[PDB]
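The lines below spell out each chain.
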Amino acid sequence: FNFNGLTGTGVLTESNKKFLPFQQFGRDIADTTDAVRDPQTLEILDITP
Amino acid sequence: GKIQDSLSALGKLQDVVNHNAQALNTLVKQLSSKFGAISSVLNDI
Ligand SMILES: *[C@@H]1O[C@H](CO)[C@@H](O[C@@H]2O[C@H](CO)[C@@H](O)[C@H](O)[C@H]2NC(C)=O)[C@H](O)[C@H]1NC(C)=O
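Protein sequence lines correspond, in order, to chains B and C. The numbering of the first sequence is PDB author numbering, which starts it at 541 and goes up by one. Just so you know, the second sequence maps onto residues 932 to 939, 944 to 980 in PDB author numbering.
Since the hints were derived computationally from the structure, they do not count as laboratory data. Some hints here could point you the wrong way.
[What the hints assert, rightly or not] Residues from chain B that face chain C, not an exhaustive set, calculated with beta carbons under 10 angstroms: (1) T547; (2) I569; (3) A570; (4) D571; (5) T572.
Just so it is clear, CB atoms sit at the ideal spot from N, CA and C, and this is done for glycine as well.
Whenever a hint applies, use it, and build me the whole structure from the sequences.
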């Protein structure tokens with residue numbers, strides 16, 4: 541996957557997180573991306589390894 | 932019966952958990968270091 545610049549690999553699943561309208565993606569503790577927002581549909585998706 | 936009152944101690948057991956959690960949190964964080972290279976990502980290079 542690539543989400544507007546974020547290059548990575550993983551499984552995409554429906555999330556239950558809530559981003560602040562200005563945030564595009566989230567990171568977990570230990571500073572690794574764990575959720576993104578689809579640029580086209582504007583939905584939050586978790587990334588499992 | 933007084934033993935429960937003194938509990939409701945186990946810091947020696949929490950320290951074991953903490954020491955391993957800290958080594959695993961540090962091991963992952965050390966991947967975001969350039970070590971004097973142009974970048975820290977083997978694909979971007
Ligand atoms: C980006 O454009 C697409 C065009 O396909 C939009 O998708 C449509 O959105 C409307 C409004 O809710 C729906 O009624 C349509 O059913 C959608 N199309 C399909 C094929 O499902 C999309 O909403 C746009 N995104 C943004 C953020 O504007």
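So, going through the hints one by one against the coordinates:
1. Checking B:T547 against chain C by beta carbon gives a least distance of about 7 angstroms; that is within 10 angstroms, so the hint holds.
2. At its closest, the beta carbon of B:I569 sits 8 angstroms from a beta carbon of chain C; the interface hint therefore holds under the 10 angstroms criterion.
3. Restraint check, B:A570 versus chain C: the minimum CB separation of about 5 angstroms is within 10 angstroms; hint holds.
4. Against a cut-off of 10 angstroms between C-beta atoms, the interface hint on B:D571 holds, since the closest Cβ of chain C lies about 7 angstroms away.
5. Hint status for B:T572: holds, given a least beta-carbon distance of 7 angstroms to chain C, under 10 angstroms.
The structure fails none of the hints (numbered hints given earlier).
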